[PDB]
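Q: With the hints as your guide, set chains D and C with the ligands onto chain B.
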Amino acid sequence: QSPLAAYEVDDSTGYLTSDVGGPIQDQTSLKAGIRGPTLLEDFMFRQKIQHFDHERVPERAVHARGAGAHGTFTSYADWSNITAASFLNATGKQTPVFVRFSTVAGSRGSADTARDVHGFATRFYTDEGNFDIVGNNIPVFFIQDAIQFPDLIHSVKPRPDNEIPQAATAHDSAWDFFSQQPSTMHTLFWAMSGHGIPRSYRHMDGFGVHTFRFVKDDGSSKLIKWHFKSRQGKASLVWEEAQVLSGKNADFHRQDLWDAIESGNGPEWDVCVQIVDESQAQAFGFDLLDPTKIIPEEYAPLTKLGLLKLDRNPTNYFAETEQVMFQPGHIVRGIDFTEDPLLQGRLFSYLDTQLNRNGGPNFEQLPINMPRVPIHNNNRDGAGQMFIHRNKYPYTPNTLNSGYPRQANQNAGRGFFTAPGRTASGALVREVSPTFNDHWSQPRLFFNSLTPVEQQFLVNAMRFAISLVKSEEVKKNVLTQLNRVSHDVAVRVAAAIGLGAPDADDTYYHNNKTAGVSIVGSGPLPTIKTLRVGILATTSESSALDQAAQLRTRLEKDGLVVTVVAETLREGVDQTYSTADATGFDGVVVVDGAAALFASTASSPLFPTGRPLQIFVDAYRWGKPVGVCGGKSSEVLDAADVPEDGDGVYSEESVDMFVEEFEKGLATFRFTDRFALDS
Amino acid sequence: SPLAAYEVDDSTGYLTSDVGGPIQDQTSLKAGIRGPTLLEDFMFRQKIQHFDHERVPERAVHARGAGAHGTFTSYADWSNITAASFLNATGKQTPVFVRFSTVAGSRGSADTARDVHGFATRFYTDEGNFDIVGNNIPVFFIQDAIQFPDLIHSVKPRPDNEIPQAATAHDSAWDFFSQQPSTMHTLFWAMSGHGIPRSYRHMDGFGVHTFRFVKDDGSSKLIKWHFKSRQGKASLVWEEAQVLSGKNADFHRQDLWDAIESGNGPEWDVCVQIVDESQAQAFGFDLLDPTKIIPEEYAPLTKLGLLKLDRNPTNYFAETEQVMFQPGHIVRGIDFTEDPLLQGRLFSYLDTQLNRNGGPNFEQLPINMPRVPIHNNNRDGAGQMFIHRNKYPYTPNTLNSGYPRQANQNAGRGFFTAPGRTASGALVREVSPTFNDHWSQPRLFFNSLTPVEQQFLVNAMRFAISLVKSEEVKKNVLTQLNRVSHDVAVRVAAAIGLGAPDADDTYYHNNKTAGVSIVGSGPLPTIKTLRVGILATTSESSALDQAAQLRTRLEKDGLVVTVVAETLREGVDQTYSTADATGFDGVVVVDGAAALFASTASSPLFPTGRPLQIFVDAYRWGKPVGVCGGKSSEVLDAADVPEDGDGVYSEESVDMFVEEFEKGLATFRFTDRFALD
Amino acid sequence: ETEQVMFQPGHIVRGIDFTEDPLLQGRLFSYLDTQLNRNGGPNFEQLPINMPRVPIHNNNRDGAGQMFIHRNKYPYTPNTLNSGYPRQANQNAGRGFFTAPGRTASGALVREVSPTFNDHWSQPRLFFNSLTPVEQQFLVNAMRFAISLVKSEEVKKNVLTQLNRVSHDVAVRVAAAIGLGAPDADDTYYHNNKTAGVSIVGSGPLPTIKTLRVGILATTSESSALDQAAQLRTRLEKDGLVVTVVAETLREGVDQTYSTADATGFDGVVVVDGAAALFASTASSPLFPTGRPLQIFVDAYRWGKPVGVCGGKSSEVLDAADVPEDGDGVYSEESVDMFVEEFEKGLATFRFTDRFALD
Ligand code: HEM
Ligand code: HEM
Ligand SMILES: [Ca+2]
Ligand SMILES: [Ca+2]
Ligand SMILES: [Ca+2]
Ligand SMILES: [Ca+2]
Ligand SMILES: [Ca+2]
Ligand SMILES: [Ca+2]
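Chains as they are written, first to last, in the entry's author numbering: chain B, 20 to 698; chain D, 21 to 697; chain C, 339 to 697.
Hints in this document: simulated from the structure, not taken from any laboratory.
Think of the CB as a built atom: it goes at the ideal place given N, C-alpha and C, for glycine as much as any other residue.
Heads up, some of the hints might be wrong.
To be verified - Listing some non-contacts, in silico: residues in chain D with all C-beta distances to chain C over 12 Å: (1) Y144; (2) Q426; (3) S490; (4) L518; (5) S562.
Stated by the list, open to error - Here are some chain C residues pointing at chain D (derived, C-beta under 8 Å): (6) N397; (7) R399; (8) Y414; (9) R441; (10) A443; (11) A446; (12) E492.
Extracted from the complex, chain B is given alone in its bound form:
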């Protein structure tokens, strides 16, 4: 009775039919003789190849690369005291959800592990209509006015003469826009942090970005920010790992999410708001209409409203994930917009762009887009009309259908209503509020709030990206804008590109910090379930496979995903060295029984030269917990040049001691002492 159940098609049995139920074959063309030309009258051929010919639809203009899952939202309380929203109106109230995660710049097929902003779009199929929160993993946006979105996106997408390159943040046009449009600095700093390369969709947060309104039935309103706070904790890749992972497994994030749901480890978020009074719009030292600013948690704490859990994978990716069409216009009674000029223009874009993707106006009829309550309106006809409307008088006002459907409003049929306190006053202007003009304080706040090695990673990400800018003018302009946020950042970045930084300009410099934005500083992960352990073994020593089988039992107990790697497959071995890479693991364990594979002179026609040692060395250099289990453990760490007294290096004869130490390393997740800092 859910529109998805009714539309499920089972092909587990039966004879092949046309789309109109006529049994057919589809394996040989109809020909004038056994070596003859194909006949036009072969309808079986044409219906099949026409469908194939038309399978593709336009990719999303942005966030083209992504993956979705089904789940549930459960309210923690009756939130009537702050909003009329029905999905929040009772303790334990459950609403089905669909979520799609994404990058922003890359086309379909682009790697998940690009450095990019990420999408986090949540549909609540509420009992008063579909409500979408179309958010990002970063709480601030590049630009202050929706009319600028094509300029931003044209600048970060590939240069349009050759469609090169697919590196959003690593070409001239992107840094030209960033340096010419200083609003971009706050999101740029977030994108150059580990938030640009999250470990998974499950290990990042969701943000509505915009200030919205909570509207009560009495018509009063408060200003809110949405925060979806991950229960898996926060985690990043390191860049040099992200680049290899983009080649070895372009599907890493979609596969991570799919596997977590299949294993009963469906990811969870606390859905939260900051709530402040209308009178505080300009009280925090910036404008709450400005989507380049966060409200520091010290000024306004998070309230937990409910639990978001994703626990079911799609049946058909195309029908569900590709076709889901989100809109901030999908709003419900008890929520209202703000005069954020970015949000304001979004409302137009998402209704319009679905005409491009769907090719017709009836996109809300696709099962994934349908609501879970009756539809009563006078919308008619259009390509792909799937309803048969009984009301032959679809106009208001009518007597011939007894005045149905009835208007809904603040006082009728639980209508949506605009927050009745809202006003507008002044000239009809194309002018930016001077309250929006501080582009550099919050980037500085964010930078101050990261740990020293985290600041190094961000500087290194900028050194990497800006070094690939060919224009000396663009590079100069970039250092000018970076210098307004932090002289130190402009100096350290200028060092990698052989330019002089501008002289300190302390206009926007400050020492303030804010909790909750650091990944490095966010402490050990609250759970290690789903984390990936590579056990490097060998088929040559039956001791090595026993060591591996004993580590496997002890690690699988704690919900770790264990891969035993050997030269060849056999029972208890999951993967060959040939297909194995350190990007596939959160921690790597060598069984000392396999010590001979790590020799400088080790060679095999079954995997590339040096593969076993490369996995262990890559894992170590990328900051992961690594260890040798067995007794000649000290022996093998020398081959690797991996110091046995190293933080996050494990060397035990006992399996139980090895795992107990190693599992703490997985929770630590990254050993940041292995990364050099500027002097």
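A: Chains D and C with the ligands in isolation, oriented as in the chain B frame:
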């Protein structure tokens, strides 16, 4: 410049709407300075509507690709074999556009996937557009076009989760291959170096199908198209291709774009095998079967002319994305064959452009327009650009004096079906038994590779099949491989912990054919455009001096030189942080930089061990590597590279270094560095 | 339902097959293709009106507006991973469609017309011979009307050349209206053969008069005219005729005003004699155009319809206001029962063809 009439210049002027009204586009119109946005803001809505509607559907296959403009030059008057006007005079020039592609990946997927590749050529001929829509592999997976969706569904990502984008590395692909043995020949090509070509410039193009050449006298001959690279044939190694897919997803489009901008526009000899109609079933297989090659030993290549790509697009979307190729774009002098794969394609490419273009006037797009007049009674349709003067667009008419006139064999240089063509028999959905040998030609191909090449193909199969979860699919795969070669089945089986079935010698043989080996095609005929990375340091003025000296002598011979160091300055192209061995065809270390290669070396400016990793990766992937300056053993010992190794260079003299190294770049890969079973 | 219904000759079932009719052959392509235009996407068979009433089992997927959620994640043949489903249907399994096995093709691949198609004129002449004399006049008259609106003298000459090959008599009679000479007879394709079942005029009386439309022209002037109209309505509605009572103004038992009424609205027209006064020169009123009541009667008579006057007073510059009382399909009775019994025969005759002039 061939599309110069459609070009729009925005180097000067004030922003306008699409209807030439000067406007702004940086701030929304609002009811007050902190007000909501007005619906009456047409500047906002026209700009965002355009943005909202930028995207068109990607191609159903070959979504990932890149294109360039060029010229075709005929070597001769080919009247004696074909009426084709573009081939009718020595030196006759015809503009071309080519698009290269992979097959399975979506439009943002890495260039260096393991896959079949497309090679589509449009000839804008003086008798209409002629398209050869070819691949870099001369045989196709399937014998009947009706099977194409089965093939493409099986190789594309699993439709519940759209995982994985590794076309040849999931259960569904190997399920199809093992149940549809026609796939074996193309599969063996895709598992060879032909699946990971070094560039578009270093692969051939093939029409795959037998076509006909038809003379003005109506007589016909059967032909195959072969576009033979003048750059020579080259592959990546898999271990390299995987890293390159992450470090530079754009590697093949950038290689082509750079080659054209540097005046190194790639060249192909456009060739044909020509055989008689009487030889359709004479070579031990059916020329209508697209899973079979004519061995060059049976029918030699005739060179018809030169294809040169020498001009990049102005707008990628308008030119490369919007180019709509069709095998139905045929000219007088060419005809089809009863190849059931070709027959169905003729339907598919006319139909699929309705999907991409969203309307029927896709031939009116600048890139799709012909360079000669259009005279027909096609009318109206969404996006009609033409304003037709003829108000009587019907035949037969008197009110337009019977224009346009019907063109045929005898009048108006009409296209005509080869008049010797017949059909005879039952109307059947039956496969010709002449198509039934799926395994001999796969064995021919395998037999025709060098021992190291054979190892690479076994290794590609071991990699891919080891990722198949189904034990029943892996067994069915070994049953099909075993019918091509027991040795291949045993070597693959060893990787996956299964027994190969007993030898089945029905199709086994020791025949070989020339021209299908990459390793066997000898040194490259040119090293121009090949990439030399010079690893230096800013910490030693003399390291930079060595690098500048090496640059001057390498650039003289047309090599693309990248000097790498810790930081950028005059004469340093890239930092260690952005550098990778996938970036170079050879790596040189200047001995002044030897300190960077110590196990102890550490910098906040690049990842731990990056300088030595570039050297070791380059060595391990078979590239020419060396140390210039005389002090070589610190670098070579840190790398575990032997000084006496083939393609390992150590010279004090820059001149002697470069002469040796340039020989290495021609050899291109040192195959003695790969282990054999 | 109606606008979105998407018909195809390629919608065929086991037990039916095509022929090599080159018109049919090309239709098979057109109707699958044209639905992409109308629907804007490839899933037009999923529209309710186009859906079948039996299960769909196939590997068609995706496309704009995809409504199905397919469970089968291995939509290729041949497969083992979905156990080889869906299975191939053919002559010997799963009730597959199959091409008629006796069908063959032989010869050159040709863009040539079969000479067996070349007689374009015998069958036109067969059709023309099979029409009644008045029916032949109607057809001549339709050609005179249409060809008289052609401006090109050359096209008009070419038309008489082709019509002449069917019938010299047709070419002569059409030529007379357009001021041209018919070309000399050409008897290559002339014949006197006839076939049953193609004539309308010759197909005899209608097998039922249910739904046929009777306009009763009355007046609000005379409560007796409204009483006549009411008794006529009761007696006509009993036999399933659709009755419209017409008067100057609406009220109980009046369906339409003279202002909206027209002879095209009726298969038969009855005037109640209580309304005789409206059928005179006098007949001016701000409630309908001058002459409207009589025009409905005169139009109905001129177009061959059964017409009459019920109540017994028929002459009263009523019929005399135009038409003959002895006319076939002209009725005059005082008795409502006798009037209706005569009138219903006239509705079954449907058209009185003796009212049209012949060449
Ligand atoms: C706070 C700023 C923004 C955020 C957080 C944001 C977030 C997103 C997300 C998550 C998606 C992908 C939804 C999915 O998975 O299907 C998306 C798609 C899109 N966004 Fe935004 N966006 C922002 C600003 C804008 C602006 C200013 C515009 C245009 C003026 C815009 C236009 C679009 C369009 C056209 C799409 C494709 C929508 C579709 O095809 O369904 N976005 N955005
Ligand atoms: C010998 C076998 C084949 C070869 C060599 C071949 C080659 C190609 C190439 C090179 C392209 C990309 C053209 C471009 O760059 O725009 C392409 C696209 C395509 N091919 Fe084929 N193909 C083959 C068989 C088939 C078959 C059997 C079908 C269908 C029955 C088919 C349907 C298509 C479609 C629908 C596209 C997208 C075309 C477009 O969007 O313009 N191909 N093919
Ligand atoms: Ca650029
Ligand atoms: Ca980080
Ligand atoms: Ca309102
Ligand atoms: Ca699969
Ligand atoms: Ca090779
Ligand atoms: Ca459309």
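Q: Now, for every hint given, state plainly whether the structure supports it.
A: A quick look at each hint next to the structure:
Against chain C, the non-interface label of D:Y144 holds: every CB pair exceeds 12 Å, the least being about 26 Å. Separation of D:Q426 from chain C is inadequate, the least Cβ-Cβ distance of about 10 Å not exceeding the 12 Å criterion. The Cβ of D:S490 sits about 7 Å from the closest Cβ of chain C, inside the 12 Å cut-off, so the non-interface label is violated. Annotated as non-interface, D:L518 keeps its C-beta farther than 12 Å from every C-beta of chain C; the closest such distance is 16 Å.
For D:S562, the requirement that its beta carbon stay farther than 12 Å from each beta carbon of chain C is met, with the minimum near 62 Å. For C:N397, the interface hint holds, the least distance from its beta-carbon to any beta-carbon of chain D being 6 Å, beneath 8 Å. Taking 8 Å as the C-beta contact cut-off toward chain D, the hint placing C:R399 at the interface holds, the least distance being around 7 Å. With its C-beta approaching chain D no nearer than about 4 Å, C:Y414 sits inside the 8 Å limit, and its interface hint holds.
Annotation: C:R441 was flagged as interfacial toward chain D, and the flag holds, the nearest CB pair being 4 Å apart, inside 8 Å. Given the 8 Å rule on beta carbons, the hint for C:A443 holds: about 5 Å separates it from the nearest Cβ of chain D. For C:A446, the interface hint holds, since its Cβ comes within 8 Å of a Cβ in chain D; the closest pair sits about 6 Å apart. With a least beta-carbon distance of about 6 Å to chain D, the hint placing C:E492 at the interface is held under the 8 Å criterion.
The structure fails hints 2 and 3 (numbered hints given earlier, in ascending order).
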